[PDB]
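Place chains A, H and V on chain W using the hints.
As a plain string of letters, each chain reads:
There are 4 protein chains.
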Amino acid sequence: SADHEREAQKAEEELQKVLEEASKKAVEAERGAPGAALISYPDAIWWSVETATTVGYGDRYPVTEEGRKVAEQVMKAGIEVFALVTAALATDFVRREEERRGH
Amino acid sequence: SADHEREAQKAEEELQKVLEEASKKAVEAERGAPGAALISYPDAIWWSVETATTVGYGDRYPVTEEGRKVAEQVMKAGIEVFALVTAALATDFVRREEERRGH
Amino acid sequence: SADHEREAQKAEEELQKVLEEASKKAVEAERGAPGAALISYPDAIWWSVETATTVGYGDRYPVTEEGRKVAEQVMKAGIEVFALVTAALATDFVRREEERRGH
Amino acid sequence: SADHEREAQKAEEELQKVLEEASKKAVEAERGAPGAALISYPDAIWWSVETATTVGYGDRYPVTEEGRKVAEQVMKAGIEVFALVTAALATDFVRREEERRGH
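Taken in order, these protein sequences are the chains called W, A, H and V. Take 1 as the starting number for the first sequence in this note's numbering and just add one per residue. Take 1 as the starting number for the second sequence in this note's numbering and just add one per residue. Take 1 as the starting number for the third sequence in this note's numbering and just add one per residue. Take 1 as the starting number for the fourth sequence in this note's numbering and just add one per residue.
With the rest of the complex left out, here is chain W:
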């Protein structure tokens, strides 16, 4: 990969490390909740997949006393990561001047 691409891929692997924390905080941030849905560690990890993608389809969601910010803060980490990759994107068309000669 190129320099700027490795920087993007480095960011992608950072997000995966947040999902781990998300899976844990998820079970804690529901065991005690008023109308809790998310229970069990081995399905909590699956909830943490369907969030950091910036797609919150539903399924399970944390409540209130749980610190609803548990979902919020995980989702926002994905925004940072998939925003950062713009450092690759704004170079993608810059390649055209290289392609022009085949530099």
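Just to be clear, a hint being listed does not mean it is correct.
Copies of the same chain look alike in the list, so a pair counts if it fits in one copy or across any two.
[Stated by the list, open to error] BS3-like mimics (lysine-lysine), calculated; alpha carbons at most 27 Å apart, straight line:
| # | residue 1 | residue 2 |
| --- | --- | --- |
| 1 | 76 | 25 |
| 2 | 76 | 17 |
| 3 | 25 | 10 |
| 4 | 69 | 17 |
| 5 | 10 | 24 |
Everything labelled a hint here was simulated from the structure, so no lab data went into it.
Same frame as chain W, but now just chains A, H and V:
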């Protein structure tokens, strides 16, 4: 510390203001609406946060008689904030010129 | 103003055109289809709002016979509009180089 | 005919391919899972379509034993093709030099 990175952070503060104003409006908007489901000041702010993300997740959602332009405002305000900060992101690729000179 | 802010602003009008025609097609597409829930005219236009700025919280679902293409194309139109204005966002950092000369 | 529009448009052409592959997977993925929703085959493509546009809307949902990476793979596929188009889009501030020159 830079120029653009300060203005990016200032945009985040704007979004928080809209959330807080949206929680006032949202409660009083829904008071009269059919379905509602969203009521009360202390959990109006909770609905407000994921509204700005445009994710929504699956907590609650507003009706028609609240004047759904309530949500439209908050949702579009979020997107424009997340967009503005590209003033910092779009200069990230440009850093690869600076590091070529090394100075 | 900058040339690409007027051009960006133009694009936002175009999105609102899609909403109009969406509101109309939506009632036809749903009214007659099995499983349909949209139906009424003034409640069609209010579904043709948030859908175009993605979200997903249209507060309704299309089915298959409506031609899910009716929702799909409205959502995609929003992407083209809000993505087109990226040309304005990209010249935001460029303004830095003017700052550094005070020009 | 603008090489960046060719590369951008070509990206969308692979998205369609992933939809067909993934819709085969999605229905066969869901089949076996507890609490399966997405059991339909000629409809599976319509769910796949809105999954690629990263919305979900509120039609169906995948379960656990589907291997919710089937759903997630379609989402990331959509993001990378559409985010690649940011090449052409991030070019469109640069076209302002030729605009300025008048030819």
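Hints versus structure:
1. Taking CA atoms no more than 27 Å apart as the test, residue 76 paired with residue 25 passes in both settings, with 15 Å inside one copy and 24 Å between copies.
2. For the homomeric pair residue 76 and residue 17, the shortest alpha-carbon distances inside one copy (14 Å) and between copies (17 Å) are both at most 27 Å.
3. With identical chains, the CA atoms of residue 25 and residue 10 are at most 27 Å apart within one copy only, with a shortest distance of 23 Å there and 29 Å across copies.
4. Taking identical chains as interchangeable, the C-alpha atoms of residue 69 and residue 17 lie at most 27 Å apart whether they share a chain (17 Å) or sit on different chains (17 Å).
5. Taking CA atoms no more than 27 Å apart as the test, residue 10 paired with residue 24 passes inside one copy only; the shortest distance there is 22 Å, against 32 Å between copies.
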